[PDB]
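Let chain B serve as the given structure and place chains C, D, I, G and O with the ligands on it in line with the hints.
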Amino acid sequence: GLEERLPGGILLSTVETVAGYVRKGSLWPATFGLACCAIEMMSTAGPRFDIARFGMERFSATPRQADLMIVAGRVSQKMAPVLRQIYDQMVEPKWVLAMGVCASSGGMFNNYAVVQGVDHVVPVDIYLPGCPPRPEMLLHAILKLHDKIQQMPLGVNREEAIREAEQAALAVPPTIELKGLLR
Amino acid sequence: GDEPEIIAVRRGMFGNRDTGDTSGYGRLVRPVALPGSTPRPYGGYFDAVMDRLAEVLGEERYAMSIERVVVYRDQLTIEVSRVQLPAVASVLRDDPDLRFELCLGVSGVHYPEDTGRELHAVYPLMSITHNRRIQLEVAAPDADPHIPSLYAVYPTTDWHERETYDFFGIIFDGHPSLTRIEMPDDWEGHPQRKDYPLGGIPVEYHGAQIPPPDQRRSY
Amino acid sequence: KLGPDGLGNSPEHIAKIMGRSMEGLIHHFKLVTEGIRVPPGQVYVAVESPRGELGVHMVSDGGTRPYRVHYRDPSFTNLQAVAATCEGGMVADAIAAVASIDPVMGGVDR
Amino acid sequence: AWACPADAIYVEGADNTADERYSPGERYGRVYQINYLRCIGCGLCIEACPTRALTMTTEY
Amino acid sequence: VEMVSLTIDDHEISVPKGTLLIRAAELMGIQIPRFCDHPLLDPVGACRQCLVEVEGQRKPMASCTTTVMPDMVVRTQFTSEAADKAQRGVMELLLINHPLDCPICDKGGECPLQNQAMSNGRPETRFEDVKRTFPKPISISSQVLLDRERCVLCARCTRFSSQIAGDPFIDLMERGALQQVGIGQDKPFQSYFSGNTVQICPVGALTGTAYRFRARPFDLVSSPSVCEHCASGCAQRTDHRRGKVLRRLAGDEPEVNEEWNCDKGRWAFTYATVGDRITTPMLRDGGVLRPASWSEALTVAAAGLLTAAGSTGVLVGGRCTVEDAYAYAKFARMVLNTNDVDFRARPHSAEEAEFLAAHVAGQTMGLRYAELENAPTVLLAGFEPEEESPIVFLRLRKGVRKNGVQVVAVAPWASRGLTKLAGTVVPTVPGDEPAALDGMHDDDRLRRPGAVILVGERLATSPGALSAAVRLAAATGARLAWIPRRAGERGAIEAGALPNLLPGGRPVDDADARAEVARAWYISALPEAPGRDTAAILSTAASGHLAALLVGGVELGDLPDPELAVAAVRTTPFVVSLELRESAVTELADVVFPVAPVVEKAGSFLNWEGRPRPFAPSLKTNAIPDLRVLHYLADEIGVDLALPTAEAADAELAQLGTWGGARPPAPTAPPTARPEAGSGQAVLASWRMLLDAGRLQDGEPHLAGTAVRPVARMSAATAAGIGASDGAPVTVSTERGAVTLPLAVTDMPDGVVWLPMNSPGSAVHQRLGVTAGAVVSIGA
Amino acid sequence: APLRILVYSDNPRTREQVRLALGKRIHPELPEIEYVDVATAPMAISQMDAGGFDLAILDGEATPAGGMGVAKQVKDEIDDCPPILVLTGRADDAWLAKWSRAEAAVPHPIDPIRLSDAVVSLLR
Ligand SMILES: CC(C)=CCC/C(C)=C/CC/C(C)=C/CC/C(C)=C/CC/C(C)=C\CC/C(C)=C/CC/C(C)=C/CC/C(C)=C\CC/C(C)=C/CC1=C(C)C(=O)c2ccccc2C1=O
Ligand SMILES: Nc1nc2c(ncn2[C@@H]2O[C@H](COP(=O)(O)OP(=O)(O)OP(=O)(O)O)[C@@H](O)[C@H]2O)c(=O)[nH]1
Ligand code: SF4
Ligand code: SF4
Ligand code: SF4
Ligand code: SF4
Ligand code: SF4
Ligand code: FES
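Protein chains in written order, with the deposited numbering: chain B, 2 to 184; chain C, 19 to 237; chain D, 333 to 442; chain I, 61 to 120; chain G, 13 to 792; chain O, 5 to 128.
Next comes chain B alone, as it looks inside the complex:
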């Protein structure tokens, strides 16, 4: 979009700041509960809390309007195609929140039936522990996603950030090699 073709000076910086503000303040979820965590997501929207406070009252039913995907449940094998279809049918920019141990890494259900993390099928912006994560934890994760969104580059800055992140990522030793005091 033209908003990203601005020169890398103050115009682009301020546009990035305002766009990040707006996108963090209007982060409509998709009406895409899966399991236990879906019930806790409804509880988060419920009056005891108020997800609407964060501009997130509109659980968008159509993927087109939804800017955020709270996976919030366990992605079976037969659901991964559907979950990916819904993700791809949101219009960019879009972020994905792996709510719960099931969504983030497969959780306790380390089995054939479960994909072991939606990361397998869709990029994950934030991982959220819990089984289910209580609504306060969901709000915490959503606020961390707000922080991620606000500090978001655009245009030439987006390309520079992708290059920097790629270079940094190539160096991290894999988790299996971080042998500490483990003999």
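Rather than coming from a laboratory, the hints here were simulated on the basis of the structure. Mixed in with the good hints there might be a few duds.
What the hints assert, rightly or not - Examples of chain D residues lying across from chain G (beta carbon under 10 Å, computed): (1) 348; (2) 349; (3) 351; (4) 355; (5) 356; (6) 358; (7) 359; (8) 360; (9) 362; (10) 363; (11) 365; (12) 370; (13) 400; (14) 403.
Said to hold, decoys possible - Covered stretches of chain B, going by a simulated chain O footprint (3 or more residues, C-beta under 8 Å): (15) 81 to 95; (16) 98 to 111; (17) 120 to 126; (18) 161 to 168.
Ideal placement from N, C-alpha and C gives every residue a C-beta, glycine not left out.
For chains C, D, I, G and O with the ligands alone, kept in the frame of chain B given last:
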């Protein structure tokens, strides 16, 4: 035969599935027998049920159809013979004295170590009018996993029979369409079978990983 | 038991099994790690879940792990009624019917 | 870690010695990791622990 | 098979005369609690845990010691309330002094004490008094840590170390409540079978120092396996956590190893992770060995091997599964069109190959461990069972204790292993063995039916020895077996990995055999030229007449002339090495391929008796076996080796089947005259100690620290003739170099000095470059 | 011309393993192989958008975005997309590898010859 069904034969003490972690303890041979047929005076209404069944069926038909009767923990299991299942189920549902209207489903259970009887389908039946309940059990081999479907007698079974097939491969012949219900149609294998691996992945940790529970030791 | 450092084993139990009671220690260790081993056998037990007769077929092979645990979840069987309660009606009415069934899909798919 | 249904705890024990002692007794947990993307918060770990070394806070 | 019938509890059974009540109750499905009992140990009835009520008996009787009499009636804790009370009281008394150590005890989770206190114990303590206490742990060796408080004093460790192994270096000591298993003062436990005690202890009293605090049972991936180390082929159980092997328990295979190991098999598993492992294919460039891709490496190896064509020899080594040896042999036959194949990475001879073709190859499952136990007379030629195939020693000792097996050893001196067998030495200087065998044709002990003659691999080194042994076996009628020292030797022979042999034992010189293998290989015809032994191959390559070598898992230091072998590999223009670890060959080779170790590959060994010992890959890894490496090297070369996996190799070996035709002729080699050593010189005798400096024992300092201290050995006459005294460092020497070890004056033939073949500081081949039986100078 | 292969994985060791299975010249009857390594989904996507790749190897186990998801995305988003090979961390993942529409799937741990043969089949 009245000898029990041995679903497994434990070798050694402490439930070792293999040689064992201490020497000299592996020589025990403990077969894992399910309860054998109850002698005769079945507790409570069970006799009242079975006798009635034996009345509605003939002596010859009853003997050919009912392979075993097992009362365990005040629960009545009728190990029915394959092939004869639809007739027995029809008798149970229709007979006013039995009138087991509600079949609650079908559950497959796999006993690879039970020769010729590897796959057991369990039918929990309940009679609301008589406030009774029993469990039919039909055993089929692995090489011929075909069982007669009860659809004409219990439509509720249609999905259960499907899931049980999907999960065990028990072919309910005569079922309208035994399509997989839970797993994708292109899925290979029947997960609830013991032969099917758990299909987990190692859990990651900084500098290590834990293999799934099916790989690590057990007792 | 709770304490200033959070929920944990009650310090009385820790004292019992780590300072005094050897049989207590063995029982804690084995019941926590291996767990009880159930006598072999089958049993179908039902409860009146909010959505209907939630049945459980349980099979034990004499071991510390269950041999079989099959849930006859009421929601799974109730969903056989989508055809009956939706066919012929309006789609808006089909939504109401499906809601009335109150299917919780976790139990349906297990 | 034994009791965890999710295999969410990884523990490696090591010897306490005079030159370096971390716990009373002969053993201590040199490595202690919890994979919180596998932990289901069940609490079985706590009930399993025989020293009350493991507790559950209310921090979430 | 007199069967006695008795009722245990209510039920009835019939069992062999002499069977113990505990065994019968096992057979009928009844778990009588037991600690001190052991099926393979003579009953002791010490712990009194296994008490049962027996009809007509006032006292409870230890079921582990009560021989079954006809018509007896017995009621266990399942039906006798009195027996239940007895067992539960014994359990309580067993736990009062026991430490509250379960969280910190390694045996936790696998403890028979825990399990039987659950099944047969009181819910909680009744003991409010003070527990007995010992300072713990205390090492009884470099490997074994003793925790006396946890010791239930069952004596199973002591009873094993006396009955099963002749190693009573621990015993029950002190008295009364203070009784404790202990070593003498500081003399370490020091037994090649010490690990068995760790596996035999029903509690955490004896633990492996290597395995200490490493893991709990639930954290272990456990797999069946076979030991890699000698031809005994013991069933073992490999346990690995975090992808690292943590221990190798003895498993259970009554037809092979009962429930026993040696320390080598039990603990020598770290070799694959000592940091010298070859992780990626390596290529020689600019004289430096560089990491390389598989594609590039195979390209280069195929180029070199095709350039060398039939001017190549394949050294298969003895560290190969039967499938791996078969692939090496088939690769040599077709892919290289050569017969220069030899798995012998050791002292060896042409007479050895002739004998192996004549009597061993193709003759599976003849003499068996069970037969050993009942052989009235066992003769040993060039074979130290304790040092070579320790489980053969265990079976021979079992036969000695049970069936009066009489053992005879043609050896220079009574080895500790032989003494534990109550065996009789036939003192003879190395090389003079054929005379000993020829002097035994009239021996009445061998004429007894079921007599056995075990020939060690070292017997090949002596000219005329193997033919002499074959003559003796034929003349006396005793069954003759040949027991190598490496697990892959017998599998290699069955794989036709000798210059004169093809798979199934059929000889290369037989045209019909060549046709059978060519058909089974869907190929025109195998090479007809006689192959070159390993010594021939090495001497040829050192001459520059060899165009390339394919060395699979061979340590040159083990060859008779290691200097010659290093020269041979260096001068060879193109050397392709399939090695698990960096070595002399890998250092000097041009292309290096990594091959998966035994823990991470499927396959099978053959033990000396010919019994197959198959195993699945316990570890799953990107690594590939020698099978796939050779198969894909051949594919790049453009020939279908048709061995994508061990399963295919097994299928092909089954297809080729046994030869069944005209068995190859016997060796019949002439017994050449032995050299005579003058003053200041003696004939060298040696054999590899079990716990020597072998490459596969690397990375396990405890096991090494449990090795027997290397020593030279001499007759007091010969030590005096050299002017040495017991304990003084005697030096033997030859042109290559010298070996210096403390002198241990030994009852043995004069003019003979015995050194460990490859013990630390000995390395007789590397240091001296001579085989056993060679003349070597001596001095103070 | 040299073939460019995009190897995607955030695990450096898996990338090195793939680069080992495939030499600079796999199947010497084939052109030289050039490796561009990427450890992030956005970079992998951008490199694909640049185009000119003969094959892309996507680690199905990539942490922040699996190689199967990236495979489906690249097939949905790049016209004339190059054939995709996937490394699957589980045998049961095969079905998802089928759904990812990758021309082939190689289970972990990377078997060198299997991966080389798969690649040669795709790049031929
Ligand atoms: C010096 C001085 C005084 C200068 C003043 C200059 C000035 C400020 C100018 C004023 C005049 C203007 C604005 C002229 C500029 C040109 C102009 C008009 C541009 C328009 C551009 C455009 C088309 C769009 C950009 C945004 C914009 C400002 C548009 C007009 C305003 C609005 C509000 C438009 C769209 C937003 C809207 C009405 C709906 C968004 C969608 C939804 C679903 C809304 C939120 C929402 C709804 C509605 C639910 O139903 C709901 C129910 C239950 C739970 C949650 C929700 C929920 O979240
Ligand atoms: N190709 C191949 N090499 C192996 C294999 N296993 C071990 N090796 C290598 O073979 C080399 C020689 O092994 P050995 O001849 O048994 O030497 P050792 O370990 O001292 O054993 P001993 O002969 O009993 O002394 C070692 O350096 C290992 O790296 C294998 O399975 N395949
Ligand atoms: S992570 Fe736990 S709470 Fe969330 S859906 Fe899965 S099982 Fe339910
Ligand atoms: S709460 Fe504790 S026991 Fe439960 S899953 Fe998490 S770490 Fe394991
Ligand atoms: S030996 Fe057994 S009972 Fe004693 S502390 Fe160890 S695990 Fe517990
Ligand atoms: S150390 Fe073990 S085997 Fe030896 S007496 Fe004590 S408990 Fe028995
Ligand atoms: S005797 Fe040989 S095969 Fe048996 S465990 Fe010991 S080293 Fe291994
Ligand atoms: S087992 Fe019989 S007295 Fe110990």
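Quiz prompt | Ascending list of hint numbers which this structure does not respect | solution = 12, 13, 14, 16
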